[PDB]
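Here the complex is missing a single protein chain, while all its other protein chains stay put.
Should a chain be cited, it is by its letter among A, B and C, assigned in written order, with residues numbered from 1 in that chain.
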Amino acid sequence: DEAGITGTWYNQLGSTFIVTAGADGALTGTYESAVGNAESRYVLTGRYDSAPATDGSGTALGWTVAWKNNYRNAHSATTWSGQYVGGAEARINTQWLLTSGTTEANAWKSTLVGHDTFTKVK
Amino acid sequence: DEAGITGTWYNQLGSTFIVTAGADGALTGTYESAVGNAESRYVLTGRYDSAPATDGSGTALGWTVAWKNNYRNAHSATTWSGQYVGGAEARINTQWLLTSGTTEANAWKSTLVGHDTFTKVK
Amino acid sequence: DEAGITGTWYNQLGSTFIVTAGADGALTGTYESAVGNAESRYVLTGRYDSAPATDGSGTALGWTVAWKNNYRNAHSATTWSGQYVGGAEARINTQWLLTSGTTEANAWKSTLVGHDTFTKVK
Partner (left out) sequence: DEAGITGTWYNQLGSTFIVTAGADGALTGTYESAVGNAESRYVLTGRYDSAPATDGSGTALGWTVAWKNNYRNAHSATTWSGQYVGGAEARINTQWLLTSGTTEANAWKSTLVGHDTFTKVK
């Protein structure tokens, strides 16, 4: 799944995730959100199961973006946790957590949760 | 917060998170879980807001562990999303998502959610 | 949206949610899961925004099932939190949390998270 995961992916929001999967389990790349307080590409890094089970199971992985780049700083970070599923209709199915920096008093309202599905087309 | 975040952290479960925060927003290190299908240290990587707001707000960050190392392969990955809060009682308050690789039929039961609080003591 | 929400709904897993929305914000009904340690119908109760905003916004709602009925007891409960979106292709888009009773030592692994989309067909 180094081969399967490496490449450009697109989610339901029209965001673009460009990733390289290394031999040893690393994920590196860039993320460009179609939504939110984001412009242009942001660094991402993560990890994946480089020796998944061979039984029709997905490959577990995750990655982070901090929403700071040369253009904007949204004082926030998203992590996506999910699985890669190969085949003609390959997919990365994820759930995500977006934490903003907050005061202590507002920490209860720090974190959004959602779900993104990535495909190799659209 | 490069200074504040770099170091060894411990959560409520007795897990140990050893991290280096780079100038440019990178997080690198190792994680050792006190629980679950885990032994010894696992690579982690992540990202943080390297220019947080200066208003008493936390610093947003996140990181991933894939639960594969030389000892075990748990076909799973956790991402932690949270904020660093500095001061005499510094803390990293997180929520996490642990995805296992699953068959398609079992993908509904792929993902655990929880919350870990890291301190510099215990 | 009393009218819109009341009725039979079906999710992507093939589960069936039969609900009545009361004037005053109550949700009552039954749930039958196509997956998991479940058989036949389980009681549900919940709440919805009975005076939503009139601006194209969804209607917030939520409900709970405890997975005990006359046939089985799965020592667990799911809550769905989401929004109803009306129109020709009405939908209830949710995220859910399924907590199992656990020992204290296993409480870290108590809670699954996922997402279900309900429609009036299938």
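Please note the rule applied: a residue touches a chain if its C-beta (ideal position, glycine included) is under 8 Å from a C-beta of that chain, and two chains touch if they have at least 3 such contacts.
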Chains shown that the absent chain touches, full complex: A, B, C
Touch criterion as defined above, residue of C:13, C:18 or C:60 at the omitted chain: C:60
Touching residues (missing chain, whole complex) on subunit C: 25-27, 43-53, 55-68, 73, 75-83, 85, 93-104, 107, 110-111, 113
Those residues of subunit B which, in the complete complex, touch the missing chain: 95, 113-115
Missing-chain contacts mapped onto subunit A: 13, 35-36, 97, 108-114
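Just so we're on the same page, only the chains that are shown with their structure count from here on.
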Centre distance in Å when subunit A and subunit B are each reduced to the mean of their C-alpha atoms: 15
Subunit A and subunit C: spacing of chain centres that average the CA atoms, whole Å: 27
Approximate Å spacing (C-alpha centroids) for the pair subunit B, subunit C: 31
Numbers and ranges of subunit B residues touching at least 2 other chains: 97, 110-111, 113
